[PDB]
Amino acid sequence: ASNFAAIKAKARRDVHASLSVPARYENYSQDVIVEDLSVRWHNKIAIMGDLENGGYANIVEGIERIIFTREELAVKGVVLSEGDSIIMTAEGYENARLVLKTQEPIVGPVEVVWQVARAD
Amino acid sequence: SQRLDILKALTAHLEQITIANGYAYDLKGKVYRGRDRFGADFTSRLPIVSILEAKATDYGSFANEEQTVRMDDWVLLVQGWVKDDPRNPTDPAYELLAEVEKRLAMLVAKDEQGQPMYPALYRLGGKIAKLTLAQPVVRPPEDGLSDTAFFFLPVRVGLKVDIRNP
Amino acid sequence: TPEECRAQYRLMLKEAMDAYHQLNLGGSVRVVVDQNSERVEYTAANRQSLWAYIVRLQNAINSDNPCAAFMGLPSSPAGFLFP
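Chains as they are written, first to last, in the entry's author numbering: chain F, 2 to 121; chain C, 2 to 167; chain A, 2 to 84.
This list has only true hints and no planted wrong ones.
With a straight-line Cα cutoff of 30 Å, these simulated DSS-like cross-link-like pairs (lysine-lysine) come out:
#1 C/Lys131 to C/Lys31
#2 F/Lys102 to C/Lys29
#3 F/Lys102 to C/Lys31
Calculated from the structure, these hints are not laboratory results.
Kindly produce the complete structure, drawing on both the sequences and the hints.
Take a look at the structure:
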């Protein structure tokens, strides 16, 4: 009906072009490597790990997810899979290594969001 | 580890639910484990069975003082997903559940004369003593809405544990 | 290369005339928000400058050497011939 599907796409594309950071894809087997990927890293602090509320020790880990552009993944030949690692090569991100765990359902035209886990 | 070998054996046992083996569903490479969350990378490939462990830290029945050998009652939360029929929202899960139960039974299923039907499978090769399948639950998600059908099947594995060689 | 640049400008002209249409009708986007809760605000389009850009493009397309006629860089003042 409307052109909103394209407006939304261009919006997401500009959001990425402005807020993305470079990354490196290293697959689980480390057989293939793809550098200079652009991803957006969303990290929120979490304290987790206690079974039920048994009184076990928690660890501090993030609730975090990485936004990709699908066009770029297809262009660069990247087939994201569980266990694959994203390294943040930007200066000052300490080469944080993020292990892809599971993918969020693709809603919308430009981006795909993976829930990941900090590994270092 | 003992527990891990048992889990791998159950997995590879269910990963033989395949159309080439006389089952209506193909689970090869899709009996997952240790995942608390399954996203589009998985749901885009149903049917999928996942075997997690129950969050309860039970105490076993010890065979000795010095409390070294015990019979565990290790509960495993077998569950599975398969794309439903929107007009029969949960019929598919009963069929997959049936295949999974039928496969698991192979481990304990004796013939009518008391002899094992599948002696090499029987008890996973002496790894387990018991396999108590609970009454399975097929339900829609209690809150939220899905075209993915859920079945929930607790499995109590009985196994002898000697913590000297766990 | 001339015709590759001409096609470049033809596509840009398509986009610009569509933008001018949407702009005069009041359908030119200045803000977008998705249910993702992510937002994008744009510098407002101006009808004068957009028409002028359209004219640059059409003129370059009409010219033999579009990539030069677009910028008009080597300008010179108009003289007059008298009867």
